[PDB]
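This document starts with one chain, in the form solved without its partner chain, laid out as structure tokens.
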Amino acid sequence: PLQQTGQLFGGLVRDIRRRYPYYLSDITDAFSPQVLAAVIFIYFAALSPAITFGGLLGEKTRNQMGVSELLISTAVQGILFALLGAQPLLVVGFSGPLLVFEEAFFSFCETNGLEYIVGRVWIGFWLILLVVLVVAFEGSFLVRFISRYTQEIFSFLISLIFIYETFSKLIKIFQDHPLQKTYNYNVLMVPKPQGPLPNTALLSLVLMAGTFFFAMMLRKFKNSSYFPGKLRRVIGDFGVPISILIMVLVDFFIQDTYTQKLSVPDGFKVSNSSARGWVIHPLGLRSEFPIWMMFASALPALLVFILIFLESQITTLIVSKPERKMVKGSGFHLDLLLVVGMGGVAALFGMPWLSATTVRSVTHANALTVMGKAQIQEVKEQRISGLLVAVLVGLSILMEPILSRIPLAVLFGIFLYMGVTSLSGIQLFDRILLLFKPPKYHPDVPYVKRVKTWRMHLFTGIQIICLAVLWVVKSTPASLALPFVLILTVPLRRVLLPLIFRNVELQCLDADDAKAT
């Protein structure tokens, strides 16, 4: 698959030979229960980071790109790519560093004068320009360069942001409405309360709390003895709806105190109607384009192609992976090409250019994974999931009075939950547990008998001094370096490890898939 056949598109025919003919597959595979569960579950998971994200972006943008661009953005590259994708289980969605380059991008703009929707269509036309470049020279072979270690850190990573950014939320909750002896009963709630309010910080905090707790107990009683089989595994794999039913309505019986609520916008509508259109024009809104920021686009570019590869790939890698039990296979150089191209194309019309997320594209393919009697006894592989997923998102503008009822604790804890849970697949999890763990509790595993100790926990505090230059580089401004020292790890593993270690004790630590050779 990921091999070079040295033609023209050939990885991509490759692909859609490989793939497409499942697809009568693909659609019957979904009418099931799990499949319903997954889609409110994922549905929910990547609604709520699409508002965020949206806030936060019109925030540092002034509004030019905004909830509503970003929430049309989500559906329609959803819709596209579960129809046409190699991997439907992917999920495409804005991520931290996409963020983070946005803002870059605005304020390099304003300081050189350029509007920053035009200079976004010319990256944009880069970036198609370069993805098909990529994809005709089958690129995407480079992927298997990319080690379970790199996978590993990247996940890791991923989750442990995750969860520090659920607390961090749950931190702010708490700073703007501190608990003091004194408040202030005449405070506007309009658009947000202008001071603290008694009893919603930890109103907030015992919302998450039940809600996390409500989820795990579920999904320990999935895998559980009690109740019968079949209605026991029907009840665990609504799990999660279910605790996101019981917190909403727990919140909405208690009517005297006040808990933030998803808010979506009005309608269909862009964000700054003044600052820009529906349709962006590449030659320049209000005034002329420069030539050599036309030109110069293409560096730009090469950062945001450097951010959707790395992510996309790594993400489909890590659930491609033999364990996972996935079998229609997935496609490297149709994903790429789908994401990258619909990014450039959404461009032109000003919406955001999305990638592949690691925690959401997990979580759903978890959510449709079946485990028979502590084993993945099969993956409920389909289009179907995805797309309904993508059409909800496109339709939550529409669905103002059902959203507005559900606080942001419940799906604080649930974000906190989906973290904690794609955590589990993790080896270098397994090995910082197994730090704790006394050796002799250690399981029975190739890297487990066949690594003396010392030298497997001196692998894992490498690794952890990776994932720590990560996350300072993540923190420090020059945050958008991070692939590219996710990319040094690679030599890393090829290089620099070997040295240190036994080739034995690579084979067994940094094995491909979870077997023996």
Contents of the next structure:
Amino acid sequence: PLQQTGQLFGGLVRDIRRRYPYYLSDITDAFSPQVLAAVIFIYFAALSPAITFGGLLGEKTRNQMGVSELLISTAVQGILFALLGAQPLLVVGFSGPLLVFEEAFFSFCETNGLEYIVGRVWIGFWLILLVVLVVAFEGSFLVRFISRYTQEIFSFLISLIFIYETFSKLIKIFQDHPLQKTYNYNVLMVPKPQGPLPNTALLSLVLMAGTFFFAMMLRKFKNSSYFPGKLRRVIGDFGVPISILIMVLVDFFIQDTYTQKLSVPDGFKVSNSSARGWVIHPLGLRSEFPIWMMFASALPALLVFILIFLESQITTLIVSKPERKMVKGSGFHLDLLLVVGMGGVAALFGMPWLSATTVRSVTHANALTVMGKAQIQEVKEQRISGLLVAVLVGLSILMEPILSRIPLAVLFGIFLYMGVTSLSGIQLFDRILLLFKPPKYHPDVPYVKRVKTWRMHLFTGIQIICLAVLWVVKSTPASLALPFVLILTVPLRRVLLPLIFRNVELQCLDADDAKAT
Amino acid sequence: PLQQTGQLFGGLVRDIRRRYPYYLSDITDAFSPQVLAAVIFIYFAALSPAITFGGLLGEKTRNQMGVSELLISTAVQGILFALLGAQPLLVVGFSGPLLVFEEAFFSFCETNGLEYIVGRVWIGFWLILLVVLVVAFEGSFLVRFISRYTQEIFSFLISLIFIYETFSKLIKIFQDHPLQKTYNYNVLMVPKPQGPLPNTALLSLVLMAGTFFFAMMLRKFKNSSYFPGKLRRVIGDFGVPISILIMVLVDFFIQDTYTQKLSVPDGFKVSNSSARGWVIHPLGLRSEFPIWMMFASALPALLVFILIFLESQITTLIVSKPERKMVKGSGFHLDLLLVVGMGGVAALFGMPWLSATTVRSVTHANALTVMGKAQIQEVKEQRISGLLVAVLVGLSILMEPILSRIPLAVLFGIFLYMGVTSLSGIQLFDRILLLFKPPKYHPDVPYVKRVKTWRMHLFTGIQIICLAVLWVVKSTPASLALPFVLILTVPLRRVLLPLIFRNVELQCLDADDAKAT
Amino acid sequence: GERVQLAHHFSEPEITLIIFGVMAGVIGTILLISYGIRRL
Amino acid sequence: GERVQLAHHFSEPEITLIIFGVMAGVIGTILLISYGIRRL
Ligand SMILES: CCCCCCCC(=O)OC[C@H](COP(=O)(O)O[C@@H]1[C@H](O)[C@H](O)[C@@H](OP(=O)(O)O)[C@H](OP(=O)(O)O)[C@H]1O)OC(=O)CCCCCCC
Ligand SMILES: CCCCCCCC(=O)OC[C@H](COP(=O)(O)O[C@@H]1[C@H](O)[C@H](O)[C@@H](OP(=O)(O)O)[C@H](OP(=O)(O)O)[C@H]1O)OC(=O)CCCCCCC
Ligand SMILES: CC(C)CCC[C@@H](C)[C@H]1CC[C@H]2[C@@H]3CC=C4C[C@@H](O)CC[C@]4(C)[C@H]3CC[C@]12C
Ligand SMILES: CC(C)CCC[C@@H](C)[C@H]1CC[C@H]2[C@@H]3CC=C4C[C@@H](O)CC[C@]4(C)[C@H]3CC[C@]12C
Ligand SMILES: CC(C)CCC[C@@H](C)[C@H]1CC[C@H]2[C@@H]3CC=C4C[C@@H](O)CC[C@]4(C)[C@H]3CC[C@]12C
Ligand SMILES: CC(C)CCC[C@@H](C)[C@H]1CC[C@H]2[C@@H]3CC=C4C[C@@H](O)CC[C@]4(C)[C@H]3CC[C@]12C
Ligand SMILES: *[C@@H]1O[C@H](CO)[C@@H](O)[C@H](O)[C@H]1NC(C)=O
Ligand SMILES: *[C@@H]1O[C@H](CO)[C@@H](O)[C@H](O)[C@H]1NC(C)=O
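Requested next: the structure of the form solved in complex with its partner chain (the form solved without its partner chain having been shown above).
Okay, now the whole complex, with that chain kicking things off.
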């Protein structure tokens, strides 16, 4: 699918012919309870980050873009991607680097006295031009140069970031309500508690730990030998919904203690009615838009395109590995085109652009993965799951009474479960574990029986330095340069690694399909 | 060892000749860090129940017998049993049925206006007469009629009781400090908090869960393939001390929140200086002791002898199974003689009599068990561990600053770990788990491949009814009749079971050494 | 829109149609140039 | 002992020695009876 045809829009046409014949199967393959369980999982797994990022965006942009706009954009883009995409298992939503770019662009517009939302409109206008040129010239064929090295480094780094943020949210909850001998029993609760409250942080920790424990125990029960096999697999598929329901009920039966809940806007309205409407004029809302900024928007549009391209294409590489039993094909050109086009269109309506997030899409693929008698058997590849997730995200405003009783701590345990389960398929994580094992306990794999132990440990340690460098870049104001540093690993793999490792060693350690050279 | 020689004190002499030749090995075999880790484990595992039972006894007997007397009796009896016993792995300490008997005897003495401690002195005097007659006539040979049926039923019931009490203590902690919106910040703390306090119950639950989680993770790390084998086994042996230290430090760094700690008496003094001294006159302290109660003390002494005999002999049967790789021998006559004699002597000093408790002795045996490459390899059979445990129990008063900073919640997690680890060697627990498994997943064991699945499930369900009956008796005022109902299982095994099961089925299901008939 | 917005000569559909037409013209010019190259 | 205790004719060592002697006599009598039985 990554070959270069040489024909204008050749990759786009091939991706359409690859997947659209399977459209009838993409509806009938969802007739299983595992698909419904995956829908319930991904609904929360996409709604909670959407709510958090919308709140942060509203705080950092004076509510020009907020929770409601992000939710509506997520719903529309998810529906259109599920109906028309070539890899429907990808989950389309907001991400951290996008929030960093929004912060930087808002600061730039505030410094120069520019309208932030109109600048976003012009960037999205420049986004549509860039993606069509890439699709026309089959620019997505460059993804074939991203080997398992960069993919696994990026996946491990993103999982570590997800776990770190999940723990840091609990740390922030503990800081907001510290353990003290005395508390003020008269503290205002609207809109948020203005002072420390008893039993809050400890109950949040208990709920998070219980959610994680129940999720892990039900995941083990799926592979366990207990109960009849059909009922056992049915319970194991619904493990995350069962854990969420149990912990939500546990928190519900504790009336006196306060726990932070999910918050959604009252209705389908703009976050700031005094700032902008549903349609933003490209010529300017309050002041006339400068001519020079219309042409100067290409460079931020270039950065956005680079970020979205790297995120979506690496996520597609991860979810479409041959070892994951993907027997329906993926379209790199079509999915990128749809994502960037939907982002550019949503820019016109004052809505944030999205990208195929690694954690959510990997969790969606794993939730649809059927395990054989250990060995992956098949994947429930269908369009119904993503469409239903997007519909439920859009309807999240209308189901506020249901969402208002769901604590964030249960969602934190769910996030921790997703983070720990996203490391199963990464060989980098496995080789990191081999650093703490005797050589005789190493599994019978091509990169152990054909490569010396110290050579393999050195190869793993080289990736660890890359992980440390990527982590340092994230913790700096220049965090938008992360895609470039990630790309810089490809010259390391293709040039510097052969200077110190043999061809057979590199083939065993870095294999596209886990083969013995 | 259970054979009847026909010679007066024949069993006592054989037990002495069986073990005392191994006395030199019983000192040199303790030169290993696993023995020290077991000492640290059993020190807490015997001190905390001792403190709790001493407090309850002081509350229920107006401090005539309390924490200090129980601790001193435990130290003396443990030292003498480790120095002279035939099975030093047994842990000598107070138990629940003994507390129930003490409550009943205190009520009887209060009703009839009798001196409780002098009545205990006369009971202990009658205790010495009964045990010598049993040892002289080799009455301990009747233990051979207690098959794996009764042993496993008693062990499973006792483990369930231990887990139930461990959870009920946490429930009581939660009830004492419920989750409320408002609390009184000015509550007196001496001697105990007179009102609910914030963050108390939740932190206790967190500490207990963390202790249990760390203990289980370190136990898995012992069998894991990580780290060098020597360091891995060293860490795994010290798993309980490491977990206790970690959780104690975690609670120590939380200054503001209150957690209940270990409480020991200030010094080696009687609990009630106005009631009795160190030596209690058998003729009476305040009033002259009646003549009729001197002869009438035999029946309560008979009940105490029955309780102690059943507890100690069944515990010895459990810890000395051939499948546990006990290659040094056990003496049923000598250990019972020593225990009952020490109880009778300690009765004269106003100290409680003890018995070989099942949970503590099983945990002590498991902590000294060395696992081969799954399969039990050997057991660190030595006298140093029990002697050091008794010495540390006696010195617990002198190390109050160390014990005053140890929360009970960590000890609750330790108790839960002991309860869950005491079920490994019971075939009744395994067959209960087989009730929730398909027949094809049953392990290759003689009672599965030679017995029909429904026959095995019926045999397991018969034991479940016995467990329910024993549980009902415990929850009634007639809880002292539990040994008789436990004995009644032996006629069920030897008479009623052959009427519905074949000889081969009973040999496969009830095997003394897990053999295929 | 919302509140008071500055009045422009072209409305939002008109300006977005003009921008899309300019973008389509640029894309067509680029495609024609690419078609011209790799042949002569 | 402690506080004020009723005075008895026999002190604690004396009474415990008497009780142990009575117990030893009873044990010896029982052992002699058992030795006599199973022989005639
Ligand atoms: C509440 C459930 C109903 C209670 C009523 C109790 C009555 C009751 O439930 O018996 C019916 C059924 C017996 O039928 P059976 O043992 O043949 O069922 C097998 C079982 O489902 C295995 O899990 C399957 O293997 P796998 O997993 O696909 O690999 C196997 O298929 P196969 O691969 O060999 O071809 C099945 O044949 O139960 C059980 O499954 C035993 C566990 C019962 C445990 C007790 C149930 C908790
Ligand atoms: C902090 C420790 C020192 C750090 C310095 C780091 C330097 C360093 O520690 O290497 C020395 C040593 C290598 O020596 P080596 O691999 O031969 O040691 C084997 C290892 O101890 C196994 O556990 C043993 O098997 P088992 O358990 O008895 O069944 C085996 O004995 P055998 O049965 O085959 O005859 C031993 O041969 O380390 C390791 O053990 C590998 C794991 C290192 C993991 C990293 C250490 C955390
Ligand atoms: C990349 C896409 C957006 C096309 C490239 C943008 C450039 C070439 C075009 C697209 C739309 C154009 C604008 C459309 C309408 C007007 C109003 C007119 O009174 C002054 C020029 C002005 C303001 C144009 C300037 C140039 C412009 C910004
Ligand atoms: C650095 C920390 C995290 C892990 C430490 C483990 C690494 C450094 C150790 C553990 C086992 C070691 C290897 C064990 C055996 C040999 C064979 C010898 O002829 C050359 C060195 C070599 C190949 C060792 C290299 C270093 C090694 C791989
Ligand atoms: C089972 C053991 C304790 C022996 C059996 C107890 C009976 C037989 C003996 C042992 C000690 C005896 C007591 C010892 C001393 C005295 C003081 C005397 O002025 C009156 C009788 C009296 C009170 C005795 C009564 C009988 C007695 C209680
Ligand atoms: C009661 C709960 C806890 C567990 C329920 C499982 C028990 C009752 C079920 C599960 C598997 C069942 C067995 C499966 C197959 C057969 C073979 C058939 O020819 C006779 C019945 C027999 C032998 C069944 C007896 C009942 C059985 C043992
Ligand atoms: C909406 O934007 C205006 C500036 O145009 C700002 O003053 C106001 O605070 C914003 N509303 C909210 C709720 O932040
Ligand atoms: C000691 O015993 C006396 C009765 O002899 C009783 O009044 C007193 O309360 C007891 N002491 C304690 C601390 O309970």
